[PDB]
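If you want the building blocks of each chain, they are given just below.
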Amino acid sequence: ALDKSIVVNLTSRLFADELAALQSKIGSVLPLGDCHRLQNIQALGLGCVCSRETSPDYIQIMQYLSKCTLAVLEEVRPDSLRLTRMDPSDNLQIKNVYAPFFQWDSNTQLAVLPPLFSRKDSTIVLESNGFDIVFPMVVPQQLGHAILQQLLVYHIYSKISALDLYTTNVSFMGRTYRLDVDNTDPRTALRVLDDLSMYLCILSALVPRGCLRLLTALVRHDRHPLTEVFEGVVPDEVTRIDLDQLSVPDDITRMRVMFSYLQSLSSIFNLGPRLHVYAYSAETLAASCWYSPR
Amino acid sequence: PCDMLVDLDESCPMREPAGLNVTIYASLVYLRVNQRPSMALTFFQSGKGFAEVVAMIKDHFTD
Amino acid sequence: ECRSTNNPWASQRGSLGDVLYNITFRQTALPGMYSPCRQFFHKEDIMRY
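Protein chains in written order, with the entry's author numbering: chain c, 2 to 163, 174 to 305; chain b, 200 to 213, 217 to 265; chain W, 1230 to 1278.
Each hint should be verified, as a subset may be incorrect.
Cut-off 27 Å, straight-line C-alpha distance, at most; resulting in silico cross-link-like pairs (BS3-like, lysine-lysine) [claimed, not checked]:
1. c:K160 x b:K260
2. c:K121 x c:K96
3. b:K260 x c:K68
4. c:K121 x c:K68
5. c:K5 x c:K96
6. c:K5 x c:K68
Simulated from the structure, these hints should not be mistaken for lab results.
Build the full structure now, drawing on both the sequences and the hints.
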């Protein structure tokens, strides 16, 4: 069968300082450029798209991430980095040392994200060779989605300012977090938002009338736990659309096209490659998972 | 046929990663010509991931 | 020793040579081009020697 291993040649002996950080994160996922055994250090970083002096754009970095082949480390020798590889469709041991710590279990789900909480904590610099290395973050899909939800909401409401507690905070059961935005290039994050303005005003044209009349019967008295968004008051717009008579075969043709455009929103809310964990050990922090590029 | 295929990764470069995988996509476009409905089927070739190519296909069919 | 400095538009600490030419190299996808004068007007690279 197949071999997969990448040993990274390197032109200077590393110091004991940076050897201690790389020894601490010995099981870690990071992308790299080319699919070969021997490799320069300038491909191993995610820092070829996320630099210090250039303003990073986290969507473009994430857009960059689904192109690259991914890799897991095996050893850190004082000269050479030795890594193993991730290919479809192979079962592999994965071991999270990822610093904003979350808990996994057996039969969980994962996805790879750029560093979005602490760049200084997740990037170590190599002064010996001058090139810095950026580690990505692996997140379960629920917070994997909910960070990209808050990041798209941010770039809408930074443009309107042309304050922070509603825009830059990712919410979750038990914890709240801070997204890292000081210098972001919004332009690659806005062509995503330009295509959202395409889908969302088409979805406002084919709204079913029976589902709007269902809310005018619902939110006025029938209060439910998950309808507290409207706070007990109907919007002014929903009363204006339901003036027509309801007819069933009109909404049959509407709810098919409502169904088919919600197939398209997969393409604009995509994460990177996904990781299907089938067995996860708790006290050892390792796992087992098969890699699927989509 | 060389006529139907539309390549997608083409640059001066004016740098992109290599990989193991480049995927041929099909497309089929509903349109109207001479006030009569007609279709158009083209092919696409890129290893960019599904999140980019849907944005790259829309720029091809802008007109 | 009959004079300090031949031109005061290169050697003076904020002069027009220092304004144009002290800047470290910035990579871009478009190909950057070469400047021979950047050898003499750079405080960071000369301290390597």
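Checked hints:
1. c:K160 x b:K260: Between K160 (chain c) and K260 (chain b) the Cα gap is close to 24 Å, so the pair holds against 27 Å.
2. c:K121 x c:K96: Distance ~21 Å between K121 (chain c) and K96 (chain c) Cα, so the pair holds.
3. b:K260 x c:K68: 19 Å, holds
4. c:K121 x c:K68: 25 Å, holds
5. c:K5 x c:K96: With Cα atoms ~18 Å apart, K5 (chain c) and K96 (chain c) stay inside 27 Å; holds.
6. c:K5 x c:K68: 18 Å, holds
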